[PDB]
Amino acid sequence: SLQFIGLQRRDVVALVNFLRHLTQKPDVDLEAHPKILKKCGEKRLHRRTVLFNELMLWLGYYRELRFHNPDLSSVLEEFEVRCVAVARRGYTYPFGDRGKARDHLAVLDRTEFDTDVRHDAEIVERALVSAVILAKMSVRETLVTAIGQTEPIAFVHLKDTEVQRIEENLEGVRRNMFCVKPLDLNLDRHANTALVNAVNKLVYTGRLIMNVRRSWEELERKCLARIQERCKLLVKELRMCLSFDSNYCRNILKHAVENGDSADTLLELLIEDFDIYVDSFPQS
Amino acid sequence: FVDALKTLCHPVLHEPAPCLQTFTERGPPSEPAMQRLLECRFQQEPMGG
Amino acid sequence: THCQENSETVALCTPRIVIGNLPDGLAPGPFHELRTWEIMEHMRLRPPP
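Chains as they are written, first to last, in the UniProt record's numbering: chain A, 2 to 285; chain B, 442 to 490; chain C, 540 to 588.
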């Protein structure tokens, strides 16, 4: 597992158990827990070793994130089911202009997921905009027509308190994306047509998926940026001393990191032959 | 061309206002092909940063 | 031109300040080269320095 220089074992066990219990705390963002970062010991150790410690911590954090990546497949199936339901109900509605309604029905019924984890958000957005267009036409509220512009995604005629509750649930998902569980729909059969109700449920599910995916993507991008800049700084620091161990460490660090696989290779390579480059680093 | 100066330098040629007026009255084209030509955005922005 | 202004389409008129702004299909590059040769000859730079 993770192993690094210059730190007393209490801090080591502290941060590794931080990684262990990462999924079960709010604000799963690393910068949301600054005390863990300063545990690496800025102003406490030499620049080389503190940079190494921070790089190791970020690599471990990235590995934990990539491991805990949620299996969205359960709610994707429900999203597809709800798209089918919305389409079936939208067919029978007595729309004044069947043409554009049929176009939006077609784009709804064509939707499916291709199991590429990155493609979910845009498919969801397409389905949601079509569904919202249909719901707006059914209630015959006005809809945007300016060129180069699209209908915003929002709930239709939903009760205000339920709207803010749903927003709170989505914010909670955004804070911690791993323990998501949706149950919140207090929607009822009396007010609003059945088509509107189906559209509201569909848009809730879709927005939940979008929020979780976007949060994960942003967190990963931040992690990659931190790792890359730490590697650059550490290479520049180490380059000034020409020696066998320093050269070995530099050649290890020269690997580019832009994917989870590259991060795994870099981490494992640092772990596997830690003996060679440890002699170069100063301590205390 | 120097003989044509009786017309070429008269103000009426350089007034575009009636042309702009009729261009506005006719309105933007409705044909779907022309739509790709219709979309453009120009923004005034501060120069500070 | 037609242009977009906060969800509305508007018409815009602007002067072509210099002769170069004419469209190429309406005043091509070779024509500009020949006109430059003409003015150079007028200035007696027909074989230029």
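Don't take each hint at face value.
DEER-style ranges, computed between Cβ atoms [what the hints assert, rightly or not]:
1) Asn560/C - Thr151/A: 56 to 64 Å
2) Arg467/B - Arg127/A: 32 to 40 Å
3) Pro562/C - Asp444/B: 55 to 63 Å
4) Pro562/C - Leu234/A: 23 to 31 Å
5) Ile558/C - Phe464/B: 49 to 57 Å
6) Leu561/C - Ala155/A: 42 to 50 Å
7) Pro562/C - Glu456/B: 16 to 24 Å
8) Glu456/B - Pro569/C: 28 to 36 Å
9) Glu466/B - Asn560/C: 24 to 32 Å
10) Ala458/B - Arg111/A: 44 to 52 Å
FYI, nobody ran anything at the bench for these hints, they're computed from the structure. Note that the Cβ used here is the ideal one computed from N, Cα and C, for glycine as well.
So, going through the hints one by one against the coordinates:
no.	hint	result
1	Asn560/C - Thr151/A: 56 to 64 Å	violated, 35 Å
2	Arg467/B - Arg127/A: 32 to 40 Å	holds, 35 Å
3	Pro562/C - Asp444/B: 55 to 63 Å	violated, 28 Å
4	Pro562/C - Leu234/A: 23 to 31 Å	violated, 53 Å
5	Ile558/C - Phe464/B: 49 to 57 Å	violated, 23 Å
6	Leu561/C - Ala155/A: 42 to 50 Å	holds, 48 Å
7	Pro562/C - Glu456/B: 16 to 24 Å	holds, 22 Å
8	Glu456/B - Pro569/C: 28 to 36 Å	holds, 32 Å
9	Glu466/B - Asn560/C: 24 to 32 Å	holds, 26 Å
10	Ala458/B - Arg111/A: 44 to 52 Å	holds, 51 Å
Hint check: violations occur at hints 1, 3, 4 and 5; the rest are consistent with the structure.
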